[PDB]
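Enquirer: What follows is each chain in one-letter form.
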Amino acid sequence: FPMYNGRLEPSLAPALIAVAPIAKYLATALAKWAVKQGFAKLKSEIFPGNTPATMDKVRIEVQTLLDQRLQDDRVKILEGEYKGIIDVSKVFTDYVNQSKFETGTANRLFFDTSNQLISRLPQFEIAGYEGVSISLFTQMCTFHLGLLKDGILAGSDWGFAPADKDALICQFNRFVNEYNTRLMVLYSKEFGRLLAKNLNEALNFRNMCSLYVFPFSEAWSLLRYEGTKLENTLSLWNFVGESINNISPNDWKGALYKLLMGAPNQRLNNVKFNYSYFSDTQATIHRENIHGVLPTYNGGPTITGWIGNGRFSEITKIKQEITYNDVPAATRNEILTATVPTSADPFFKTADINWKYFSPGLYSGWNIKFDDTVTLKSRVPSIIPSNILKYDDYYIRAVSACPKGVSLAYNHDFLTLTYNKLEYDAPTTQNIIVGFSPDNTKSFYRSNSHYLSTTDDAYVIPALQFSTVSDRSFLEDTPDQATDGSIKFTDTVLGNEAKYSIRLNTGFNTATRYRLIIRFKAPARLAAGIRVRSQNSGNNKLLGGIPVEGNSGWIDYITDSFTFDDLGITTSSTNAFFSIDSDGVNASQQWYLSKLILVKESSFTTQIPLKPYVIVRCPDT
Amino acid sequence: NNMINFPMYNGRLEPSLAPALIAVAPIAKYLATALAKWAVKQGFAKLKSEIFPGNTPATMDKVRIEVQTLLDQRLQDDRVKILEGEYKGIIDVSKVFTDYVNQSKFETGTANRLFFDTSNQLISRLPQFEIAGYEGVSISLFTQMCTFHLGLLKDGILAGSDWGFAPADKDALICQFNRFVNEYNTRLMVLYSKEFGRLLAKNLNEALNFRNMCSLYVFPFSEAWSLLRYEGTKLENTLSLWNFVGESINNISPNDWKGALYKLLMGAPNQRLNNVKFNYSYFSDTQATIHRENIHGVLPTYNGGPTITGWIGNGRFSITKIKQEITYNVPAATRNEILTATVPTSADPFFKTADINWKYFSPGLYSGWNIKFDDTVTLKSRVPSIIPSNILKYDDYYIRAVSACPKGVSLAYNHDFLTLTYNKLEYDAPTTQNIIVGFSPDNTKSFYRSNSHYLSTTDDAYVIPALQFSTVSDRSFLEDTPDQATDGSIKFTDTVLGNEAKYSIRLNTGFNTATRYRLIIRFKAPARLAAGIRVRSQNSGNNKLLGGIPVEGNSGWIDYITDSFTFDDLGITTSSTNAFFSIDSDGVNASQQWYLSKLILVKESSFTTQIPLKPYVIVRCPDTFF
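So the protein sequences, as listed, match chains B and A.
In case it helps, PDB author numbering puts the first sequence at residues 17 to 329, 340 to 352, 361 to 655.
In case it helps, PDB author numbering puts the second sequence at residues 12 to 329, 341 to 351, 361 to 657.
Among the clues, some could well be false.
[Said to hold, decoys possible] Sample of chain A residues at the chain B side, in silico, Cβ under 7 Å:
{"no.": "1", "residue": "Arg565"}
{"no.": "2", "residue": "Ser571"}
{"no.": "3", "residue": "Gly572"}
{"no.": "4", "residue": "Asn574"}
{"no.": "5", "residue": "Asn609"}
{"no.": "6", "residue": "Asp617"}
{"no.": "7", "residue": "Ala621"}
[Claimed, not checked] With a straight-line Cα cutoff of 20 Å, these simulated SDA-like cross-link-like pairs (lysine to any residue) come out:
{"no.": "8", "chain 1": "B", "residue 1": "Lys455", "chain 2": "A", "residue 2": "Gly326"}
{"no.": "9", "chain 1": "B", "residue 1": "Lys269", "chain 2": "B", "residue 2": "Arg327"}
{"no.": "10", "chain 1": "A", "residue 1": "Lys575", "chain 2": "B", "residue 2": "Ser571"}
{"no.": "11", "chain 1": "A", "residue 1": "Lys57", "chain 2": "A", "residue 2": "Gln114"}
{"no.": "12", "chain 1": "B", "residue 1": "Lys455", "chain 2": "A", "residue 2": "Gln114"}
None of these hints come from the bench; they were simulated from the model.
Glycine included, every Cβ here is placed at the ideal spot set by N, Cα and C.
Chain B with its partners taken away, still in its complex shape:
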């Protein structure tokens, strides 16, 4: 049975899922919002033609991808909630889209739609079914936040006094964080449940959220502004091997996900497998096993080690043939190696890794193949089915594994980005995990630098796509950021910094005025704060000194306007950098770095404020 990622039917391409047009429109609306029309166009994508057809298509896709189904009664309930949302949203849309309308009536019909979603939203936080309902709950919160943004920008045009306008801004800032928290509650409940049930199943749920959920939670954090870029750099993970369960979310956060990422800023160079073959004297037993996986990436500052072991329970390969007189008659322990080819595209695209245990138990072998190069064909006398691991518009960035037979709760404080060797010893792994990264990241991982074009209104620099980083820095899984993670700075005495190499493509307008948006989470007050700099061949320019007073949520800091002529960066500048540094932090002052966003000053604008305009404070009870 030719399998596709363990399934008998090939999965739908990521660029063709039902939420793709919604995500493509949000990318356009985040670059330039249509005043008093953004909600009408968003409604046309979430409910096309005033039908729940997209929400039905989203449901059946996620139900097929997760193998989880909603009850028949709950489906007809959601159908009624959809009709209620569609009916009330169309009435408000048709009335404001006239040549002349009474602003007092549009205000009434607005609150009929605004409060229709607030009261019907918990119907999508389905208990015991949040694995499927998280993708539906994601669109309803996008539908309501889009309504609140158009209501703020309309104001008097829709019957909102300056005090009514600030009440909507207060709801926006509350719901942009409440919907995010309620989204992570549905995610953690299901991802935590599946980590203890089946690791391959837990990865499959995270892959679904990386395409149906997390791109839109990032759009929420960008819905405040105009002129940024919606970018998703999350990775997809396929699991091949024996089942692994009873994984806790703490083990994933502080160990397993760190081993899977490997060197988060480097491409794969070669991966090594601890392979052992066993055959009995009657030629009836054939058992192949993978005891360890050693991924070597294209550079530092991360040092990788064995996941599992490289031990033969330095020798490259050892064969053995034994003859007895009435136990192994043939024994082969070999360190296999799959090498990434040196070319203009130094990445693996597809993989054919499969593991099959036969019913009597005598046969159990592995197949390893990347692109068209066969690393291991099973020595089992029978053929092992093909298991194509691939995603369209995705490439293989990392190949790792999960330690088997050991607890994943050890050495969490020492699985850092630098200094310490990124490894986790185990008797065996018997599994191979492949990380697929989207093609939009292929430019950085090929050249180890961020090339900038003057025709782009915004560029997103993920935190994990760095050049160097300080010691005592960790990797934090922040999938709600539409990225593969964040950096957790924990150095106590010396400073905490991280540099990002930048290059200017030929023909770049070095005179255009840019701004830098820094997304970070600093929970405690920092006396010296956080500094943003740029280093080009000795010309160290300070772009901003972020005042840190303490906040539990993510904070976007927008530096003052600047140009690359002020920074001394040209086309031939091969030593340009962006630096984010701070002083030593204690346990409470440990802060996180999400991403850097370079926007044009002409196109960037903060349409929704963090604080109301007229009223002193948001309404309190």
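Fit chain A to the supplied structure of chain B, relying on the hints for placement.
Expert: Using the frame of chain B, we list chain A on its own:
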């Protein structure tokens, strides 16, 4: 297996002379005073009274017998009387010039002639101290003679018209000082490399003994030659002393020493010792006649990074400890234990003295080890006989590092990967069978205890050695540059990313933050750097550039003096705990690999460049041609 039962002192029967009581110590203590404030027209008179006190060769005779005793090398009797006559010639001519200038009034044209009678007397008699085949003993003598001549030229330069030197005659002396300060240094390293290279192939313990002598008798003065053209600096020596205990190791190349062994001995050059682990194995036979102890590896762990240290030798048992007792009908007792020597946690967290000894007995049945630091016994030999004491100790010195040399393997592998950071500093070997102890002078206790350079407003100059850093970039190596009177330099080789190194600095309570200072950077950049070398200061986000050094390429060490500044301009106060001094550059290829020796913080009021690099009047220096 020697039949002499004596309490040994570093392998010798008699305790060695204290480092501060050696014969060249008064010469070194005067040079440190002259570099802080040079006595015009008297610097050579006072230097002559220390090298030749009372117009006698008594000091040079004491220096000779001390180095000959320490090195166990003896100059030929004929060659001693030769140097005796050469001393008399130098004493006679220098006394005539000194007595004539030290009178009430003297004719300046006469003091000009008697100056070159003494100058050309040293230039002609100097090759008599470059004795071929005896460079081990002669290097201590050749060092003082160059100190005698370089101090003579400096006094003549600053005198000028007082000793009959026209502005053209003054430039002629400046061109000689600039030539001899590099020619004498090159000729000095020729004598050192010939002998330290010979003994590395002969006996490692003997080669370390020679380097210990040069660290006290030679290299303190080569550094004084580099500081001789200034006034207001500090003459500091931070070289370490290395004692060897164990079986003989020979056939070591200078390349094996430069790119491997010396890195293993230093361990973490910016940290103090925390604990040392030894791979110990005991063996006894069923006849209760054989008792063999072995040290198969040494694992030194220091107080921090960024250097990651590993095993020198191995930690394998060929588990912390395993005891075996076997009965047969010929190993009957086998103990494989990883011993540990932990530096105490106190206000002075350093070992002072050690008692490490290894004795192989004549029949071959007994061979054990004794390991003891301070009053804590790490290992008492289980050999039935007592092993003599071997006190490793230098007054005014403390134990900074404890390492070993890999035995049974070549030291020419993995040189490109024995770096300061990233890669684990280790060298696998079947056995070491030796323990090497590193003694650092007490002047470095302040840094290695606090991991920071505390500055006092009462000091006219402070020396920051390159190896006493807080952080350093990747692909940075350790270069053994003993002519800098330090434990080495930093070789920056990172090709793509930048090359930087930070130095943590603190201000003692009562420091005057308004006083003006300057920074002196010594570096050897053989190729031109487009972006050059940048000197900065980082204090809690306040990055101040102190200077951008233009680098165009030079084969020698270059001293760059930044513009004057104050700690008020840098925002550094007494309570500033995150202050740093940065030395960054861009990526360098193979040819552009540069070195960093040290940083010298001097007060602007006390610092002056008294001898220039270029002459004043003449456009170019006169050459040696006809």
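Enquirer: Does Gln114 of chain A lie within 20 Å of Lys455 of chain B when you go C-alpha to C-alpha?
Expert: violated, 73 Å
Enquirer: For the pair we were handed, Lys455 of chain B and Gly326 of chain A, check the Cα-Cα distance against 20 Å.
Expert: Holds, at roughly 19 Å.
Enquirer: Would the pair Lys575 of chain A and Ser571 of chain B pass a check requiring their Cα atoms to be no farther apart than 20 Å?
Expert: Measuring from Cα to Cα gives roughly 16 Å; hence the hint holds.
Enquirer: Against chain B, run the beta carbon of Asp617 of chain A and see if the smallest gap drops under 7 Å.
Expert: At 5 Å from the nearest chain B Cβ, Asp617 of chain A passes the 7 Å test, so the hint holds.
Enquirer: Take the shortest C-beta to C-beta distance between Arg565 of chain A and chain B; is it under 7 Å?
Expert: With Cβ-Cβ at 5 Å, under 7 Å, it holds.
Enquirer: Against the 20 Å threshold, does the CA-CA distance of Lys269 of chain B and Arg327 of chain B hold or violate the hint?
Expert: Violated, because 27 Å separates the two Cα atoms, which is more than 20 Å.
Enquirer: Min Cβ distance, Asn574 of chain A to chain B: is it shorter than 7 Å?
Expert: holds, 6 Å
Enquirer: At a threshold of 7 Å, is the proposed contact between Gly572 of chain A and chain B supported by beta-carbon distances?
Expert: OK, holds: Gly572 of chain A within 7 Å of chain B, min 5 Å.
Enquirer: Given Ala621 of chain A was flagged as interface, is its beta-carbon under 7 Å from a beta-carbon of chain B?
Expert: For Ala621 of chain A, the interface hint is violated, since the closest Cβ of chain B sits about 18 Å away, which is over 7 Å.
Enquirer: Is it true that the CA of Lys57 of chain A sits at most 20 Å from the CA of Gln114 of chain A?
Expert: Holds, because 16 Å separates the two Cα atoms, which is no more than 20 Å.
Enquirer: Checking hints one by one. Is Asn609 of chain A an interface residue toward chain B, by the C-beta closer than 7 Å rule?
Expert: Holds. Min distance 5 Å.
Enquirer: Do the numbers back the hint for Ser571 of chain A, that is, is its least Cβ distance to chain B under 7 Å?
Expert: holds, 4 Å
Against the hints set out earlier in the document, violations occur for numbers 7, 9 and 12.
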